Structures are given as C-alpha cells and as structure tokens.
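Just the one chain here, the form solved without its partner chain, laid out as structure tokens.
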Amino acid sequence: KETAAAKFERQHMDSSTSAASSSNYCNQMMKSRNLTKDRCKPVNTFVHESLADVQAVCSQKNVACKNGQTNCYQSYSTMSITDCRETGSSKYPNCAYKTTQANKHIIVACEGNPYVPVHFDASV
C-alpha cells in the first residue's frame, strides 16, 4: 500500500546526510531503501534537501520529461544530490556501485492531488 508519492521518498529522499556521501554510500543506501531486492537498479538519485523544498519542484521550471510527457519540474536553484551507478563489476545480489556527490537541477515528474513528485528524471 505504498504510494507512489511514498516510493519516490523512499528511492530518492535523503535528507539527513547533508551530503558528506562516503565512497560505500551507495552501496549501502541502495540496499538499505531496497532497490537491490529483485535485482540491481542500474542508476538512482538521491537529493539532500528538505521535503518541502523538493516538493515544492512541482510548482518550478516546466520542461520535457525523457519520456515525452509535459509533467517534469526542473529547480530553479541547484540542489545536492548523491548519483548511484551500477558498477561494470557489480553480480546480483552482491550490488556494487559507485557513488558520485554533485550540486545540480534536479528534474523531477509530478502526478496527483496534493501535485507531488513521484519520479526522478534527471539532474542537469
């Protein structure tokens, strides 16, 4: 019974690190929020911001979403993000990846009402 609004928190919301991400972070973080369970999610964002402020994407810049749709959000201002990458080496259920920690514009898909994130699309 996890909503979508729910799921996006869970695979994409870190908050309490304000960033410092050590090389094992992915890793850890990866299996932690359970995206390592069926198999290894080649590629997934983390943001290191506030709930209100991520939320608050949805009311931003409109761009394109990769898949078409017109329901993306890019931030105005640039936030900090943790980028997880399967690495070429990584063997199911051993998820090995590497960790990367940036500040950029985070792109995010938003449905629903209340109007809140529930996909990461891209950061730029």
Contents of the next structure:
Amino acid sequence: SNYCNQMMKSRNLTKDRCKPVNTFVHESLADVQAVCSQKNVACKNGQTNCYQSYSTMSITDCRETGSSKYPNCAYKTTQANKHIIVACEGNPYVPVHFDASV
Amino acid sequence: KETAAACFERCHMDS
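Okay, that is the form solved without its partner chain; can I get the form deposited with its partner chain bound now?
Once more the chain from above appears, this time first in line as the rest of the complex follows.
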C-alpha cells in the first residue's frame, strides 16, 4: 500500500477509525522540538502558544480520499518541503499539536 | 495514559 495507508495504520491513527488529515515530519525529533523556541505565531484557534519553523522541513501530508471509509481507509500522499507550525506546552516546553504547514 | 507530547510524536514524527 501507499506510505500514508501504511504509516497511518502502523502509527495507530487508522486501526480504529479513518482520520481525515495527518502530517508526518521527516526531521529528527530534536529538530522538531527545537521549533518551540522559534517564531511565535497565533494558532488557528486564537491561542498564542504556536511556533513556526524558520526553515522548510520535509513533510508528507496524508489526506483521505472522498470515498474512504473504515475499515478500508484510503489516502492521498503529498510530499513537500514546508515550514511547520506546532502548538507547544509543558515543562519541558514541547510540541503537543501539529497546527499547519506553510 | 499517553501524554499529549507522546501522542504528537507517534502521530507526526518519521525521522
């Protein structure tokens, strides 16, 4: 199967449902955690705990097709280099949500 | 319970 169908199932996003949209980041964990001290931006929800990466990162966007339904989830895979926007929280101050990519 | 930080890694990281 395609990377999205494979990884969505492996990572427990589609073993118990079909999730419409999910992004995977092909960078080290430490380089993603480093975004929490990068550019502070507003989140889509109005909160102010979001951060945009200075650099573009290698990402794969996974999005369900129009006819996809559980258990046969089906995804469209789109690969791109984009800046990421994450919401951060806690001690240590780390990513807790993937807000968007630009 | 899975923490919010662990959830983000499982769902989004693929180094």
